[PDB]
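Asks: Please build the complex by placing chain A with the ligands on the supplied structure of chain B, with the hints as guidance.
Residue strings, one per chain:
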Amino acid sequence: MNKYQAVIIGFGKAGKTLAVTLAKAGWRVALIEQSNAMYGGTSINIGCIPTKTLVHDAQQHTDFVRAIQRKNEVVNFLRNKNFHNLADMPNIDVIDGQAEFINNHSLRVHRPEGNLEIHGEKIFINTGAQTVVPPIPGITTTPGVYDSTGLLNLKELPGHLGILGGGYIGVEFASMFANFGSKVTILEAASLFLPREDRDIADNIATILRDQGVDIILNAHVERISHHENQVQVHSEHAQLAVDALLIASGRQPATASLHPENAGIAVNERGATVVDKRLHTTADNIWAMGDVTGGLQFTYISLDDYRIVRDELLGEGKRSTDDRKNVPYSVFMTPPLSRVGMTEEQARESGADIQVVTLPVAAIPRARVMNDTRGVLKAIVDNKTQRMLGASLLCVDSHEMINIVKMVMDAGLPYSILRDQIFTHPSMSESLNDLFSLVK
Amino acid sequence: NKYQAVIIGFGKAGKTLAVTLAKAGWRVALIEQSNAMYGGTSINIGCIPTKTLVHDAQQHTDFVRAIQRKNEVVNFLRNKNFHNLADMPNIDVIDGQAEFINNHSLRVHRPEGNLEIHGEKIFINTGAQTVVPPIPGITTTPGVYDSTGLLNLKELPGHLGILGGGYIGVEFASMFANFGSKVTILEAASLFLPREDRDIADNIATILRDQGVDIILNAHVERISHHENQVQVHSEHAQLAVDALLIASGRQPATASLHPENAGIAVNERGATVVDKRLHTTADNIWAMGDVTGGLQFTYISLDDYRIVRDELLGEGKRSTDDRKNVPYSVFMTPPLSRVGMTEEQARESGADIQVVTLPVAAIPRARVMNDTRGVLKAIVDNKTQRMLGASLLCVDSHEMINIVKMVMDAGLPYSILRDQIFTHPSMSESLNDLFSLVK
Ligand SMILES: Cc1cc2nc3c(=O)[nH]c(=O)nc-3n(C[C@H](O)[C@H](O)[C@H](O)COP(=O)(O)OP(=O)(O)OC[C@H]3O[C@@H](n4cnc5c(N)ncnc54)[C@H](O)[C@@H]3O)c2cc1C
Ligand SMILES: Cc1cc2nc3c(=O)[nH]c(=O)nc-3n(C[C@H](O)[C@H](O)[C@H](O)COP(=O)(O)OP(=O)(O)OC[C@H]3O[C@@H](n4cnc5c(N)ncnc54)[C@H](O)[C@@H]3O)c2cc1C
Ligand SMILES: [Cl-]
Ligand SMILES: [Cu+2]
Ligand SMILES: [Cu+2]
Ligand SMILES: [Cu+2]
Ligand SMILES: [Cu+2]
Ligand SMILES: [Cu+2]
Ligand SMILES: [Cu+2]
Ligand SMILES: [Cu+2]
Ligand SMILES: [Cu+2]
Ligand SMILES: [Cu+2]
Ligand SMILES: [Cu+2]
Ligand SMILES: [Cu+2]
Ligand SMILES: [Cu+2]
Ligand SMILES: [Cu+2]
Ligand SMILES: [Cu+2]
Ligand SMILES: [Cu+2]
Ligand SMILES: [Cu+2]
Ligand SMILES: [Cu+2]
Ligand SMILES: [Cu+2]
Ligand SMILES: [Cu+2]
Ligand SMILES: [Cu+2]
Ligand SMILES: [Cu+2]
Ligand SMILES: [Cu+2]
Ligand SMILES: [Cu+2]
Ligand SMILES: [Cu+2]
Ligand SMILES: [Cu+2]
Ligand SMILES: [Cu+2]
Ligand SMILES: [Cu+2]
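Quick note, the sequences are listed as chains B and A, same order.
Take the first sequence: its letters are residues 1 to 441, numbered as in PDB author numbering.
Take the second sequence: its letters are residues 2 to 441, numbered as in PDB author numbering.
Here chain B stands alone, though its shape is the one from the complex:
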């Protein structure tokens, strides 16, 4: 329509949160989304919410197609709620269409009927990531291969599942589909399995997946993909494997090519990420970038923290930055889920500091036996001089909530004794930390 004070390109976590925050503050906000099936962002329709809903159903060995529609019931519900939480505000114009830069102030919104041109004093890039297609001849043509999004729309369960890549998201589908009763083949082009984790953990994670029917093929370079008999045929040299479905889990790159950021002076790196400082500023004046287009850690909470820094600049209270980020936690959602904070044993032993590595098997946690899943391990690293914890690797059920307890103490600089001498709930898995830091000597 007219000029906007705030224009945000994309319905991601940071964008939709900044939208109401500025609309509540009185700004004339306009959010542009390129697909009417992704209101709410990648987390709700593609990534976190749909996959985690399928995993939980797979934990109970639920029928696959019955669980897929239960995923559609939650996503279609939360997509409409996230759209109406913006559209029902008079200060917000949820414009549909694909945005493209012309100026540092003007944009072109592509819609099939006709284009629009939107102006903004402060524009905010938040377009997320896109699937990385490896340069393997035959993926774009073979009808049986799938992306992460394309896999979450299968009509029924495939018997044999091939995964391209040994990344974190790939292992999530490897454990999810195995729990659905399906032979999963993982294919990573690396010598070690999960090279960014301790081999103690990487081994233990691999034995869990092996017993549920997931074989791990390492240092594999596939050369061509085709369909020869109603099955996706992946063809390596002197090694050929057929699957009823193939999933690409080779990573996600920042989606900026279709945005053409060079016109607004916005610079990008080789992967396509918009260059950004500590205050979420790009090369262009009065234009920000939040989310996976930063090229940083692709987590929903990392994107929401980007909103925190942006909000603390436009609405006052001083200014914060990405430099405030330390001991960032993450978790990979298999069963049992692996949650991680701080450093690894290999990082601590290399540093040279006097450390003490404590290990507690999950089978020694009575609550883990209450939940009928005693698999996993618990490992933590303690600095012997400062008494603080440098890291942890919690491989157990409900590790995604215990990880935030150890993460809180590490940022508070408190010693390991805090978690050891702490009154927890019973029976629980937070109290598992009571026994883990008792092994310290």
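Read the hints as simulated data drawn from the structure, not as lab findings.
All residues carry an ideal CB built from backbone N, CA and C; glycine is no exception.
Don't take each hint at face value.
As the list claims (entries may be wrong) - If we take Cβ atoms under 10 Å as the criterion, some of the chain B residues that face chain A in the derived model are: (1) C48; (2) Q60; (3) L157; (4) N372; (5) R375; (6) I403; (7) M408; (8) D411; (9) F424.
Stated by the list, open to error - Using C-beta positions, here's what the derived DEER-type ranges look like: (10) A:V65 x B:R271: 55 to 65 Å; (11) A:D435 x B:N80: 53 to 63 Å; (12) B:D323 x A:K81: 46 to 56 Å; (13) A:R279 x B:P415: 17 to 27 Å; (14) B:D203 x A:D88: 24 to 34 Å; (15) B:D203 x A:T141: 53 to 63 Å; (16) B:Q356 x A:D435: 33 to 43 Å; (17) A:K81 x B:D203: 17 to 27 Å.
Replies: Structure of chain A with the ligands alone, referenced to chain B:
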């Protein structure tokens, strides 16, 4: 023999104290009453067997299969707790019912041989016992059990009757309702969960009533009898018939068979041993940890009782029960209600300027992932201090989020720390980002 330390009972504090004193070089001797009580009340009757059944109920698993899986996890952990005690050569876990004859010695009435043990320091850990109100017929009526008997039932009852709206009665009411059995709670009070917020108890009630649980307040239970295949609870001008009856009347400390006057410990009213801050006994070299203190009946409190005694015997200085601040608790219904600190009425009565924030669980996306959007989130912030005085977490995995809440109040940090904290996603703990964003 001549033992430097003697612990009466296999409870959580004495189980850990015996293995701790062993690693220090003490001659420890733990006396245990029953053969089926290794590891204590928690392993065999308490938290572990009950919430093992609660996990299986939310899946609506066949009832007789859940009892079997319980009977095999209570068997594993019982064997272990004996192993960790017998693996230490310094410990001699003696079986028998111990009895006090004087300060420095004990007699255990055991069939193998009645035998007298002297100890340098005696640590009472006999736990608690379920006492039952003197209702006529509760003596000898078929189909009437307490928490222990109800755990070993053959097949699921058609209609279960609960005498008591207490926390342990609500756990069994939710657990048995999820198995397909109609539950009837008979509460003698005008209130449902009187120690709870008016906000919280109504949600718990609606959640229970939606699963076919009838919370009958002001229940006049006069006599109990048995007639025609069923237990009949005589009432006011009528009587109601249930297939099985659970007693949820609270547990009294187990200080009776000890005959503890011979040692000289002053027993209070309710039978609990009188105890100071360092858990000291009126006898100079006796101690009492666990439920015999008369305090909160939690397994995690007994472990803290252990830490207090360990800090006294081998620890530097002394640490007291006055350090215990913001003790949390969780009722393991579905969804579990976990709570720390004060409620809205306790905060309003204290005379502080408070603000109440409430986030329904339907707004937590992780609740949809777990297929349980029931419950409510509630916390109270003090405007004078910007701190949190209490939180009511009625949701799935609430027994794990409340520990994050308690540690912030323990270290005593402002509410803005949980509001701006980077939590994992998707998870339940991250709703604290949204809960404390409602504070103005
Ligand atoms: C399979 C999978 C699983 C994941 N699991 C987890 C997990 O368990 N935990 C976790 O923390 N994170 C997880 N993530 C990551 C998480 O989904 C994202 O990193 C997070 O949502 C960040 O999104 P964003 O804020 O960058 O915006 P996004 O939601 O990623 O995207 C912004 C929006 O911009 C739109 N857009 C793109 N290009 C244009 C254009 N040219 N014009 C207009 N609009 C455009 C997109 O359509 C999108 O709606 C997962 C991701 C995937 C793919
Ligand atoms: C149904 C139920 C559910 C519960 N749920 C929870 C929960 O969710 N969370 C929680 O925190 N707590 C819970 N509790 C409470 C918890 O089980 C106990 O309060 C806790 O274990 C107390 O431990 P303790 O240190 O007092 O030792 P106890 O375990 O109570 O010690 C008792 C032991 O002493 C022995 N003994 C007694 N008298 C003698 C004697 N004269 N000679 C020798 N040995 C003797 C007994 O045989 C027994 O082995 C629950 C309790 C029950 C009954
Ligand atoms: Cl990855
Ligand atoms: Cu979200
Ligand atoms: Cu299984
Ligand atoms: Cu609508
Ligand atoms: Cu300008
Ligand atoms: Cu091709
Ligand atoms: Cu096959
Ligand atoms: Cu090649
Ligand atoms: Cu074909
Ligand atoms: Cu060759
Ligand atoms: Cu283009
Ligand atoms: Cu700048
Ligand atoms: Cu870090
Ligand atoms: Cu489970
Ligand atoms: Cu235990
Ligand atoms: Cu249900
Ligand atoms: Cu052993
Ligand atoms: Cu003496
Ligand atoms: Cu006798
Ligand atoms: Cu003698
Ligand atoms: Cu009936
Ligand atoms: Cu009356
Ligand atoms: Cu009759
Ligand atoms: Cu009358
Ligand atoms: Cu009558
Ligand atoms: Cu006697
Ligand atoms: Cu003293
Ligand atoms: Cu579930």
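Asks: Holds or violated: 17 to 27 Å for the Cβ distance of A:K81 and B:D203?
Replies: holds, 25 Å
Asks: With 33 to 43 Å as the target window, see if B:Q356 and A:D435 comply at their CB atoms.
Replies: holds, 38 Å
Asks: Holds or violated: is the Cβ of B:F424 closer than 10 Å to a Cβ in chain A?
Replies: With Cβ-Cβ at 5 Å, under 10 Å, it holds.
Asks: Is the gap between the beta carbons of A:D435 and B:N80 within 53 to 63 Å?
Replies: Violated - the Cβ-Cβ distance for A:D435 and B:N80, about 19 Å, lies outside 53 to 63 Å.
Asks: Mind checking the CB of B:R375 against every CB in chain A and telling me if the closest is under 10 Å?
Replies: violated, 15 Å
Asks: For the hint 55 to 65 Å, verify it against the beta carbon of A:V65 and that of B:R271.
Replies: holds, 58 Å
Asks: With 24 to 34 Å as the target window, see if B:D203 and A:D88 comply at their CB atoms.
Replies: Given range 24 to 34 Å: holds, Cβ gap about 28 Å.
Asks: Can you let me know if the beta-carbon spacing of B:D323 and A:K81 is within 46 to 56 Å?
Replies: holds, 48 Å
Asks: Using 10 Å as the Cβ threshold, decide whether B:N372 counts as touching chain A.
Replies: holds, 7 Å
Asks: How about B:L157: closest beta carbon in chain A under 10 Å, or not?
Replies: The hint is violated - B:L157 has no Cβ within 10 Å of chain A, the shortest such distance being about 20 Å.
Asks: Would you settle whether the hint for B:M408 is holds or violated, based on the nearest Cβ-Cβ distance to chain A being less than 10 Å?
Replies: holds, 7 Å
Asks: Do the numbers back the hint for B:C48, that is, is its least Cβ distance to chain A under 10 Å?
Replies: Holds, about 5 Å.
Hints 3, 5 and 11 from the list above are not met by this structure, while the remaining hints are.
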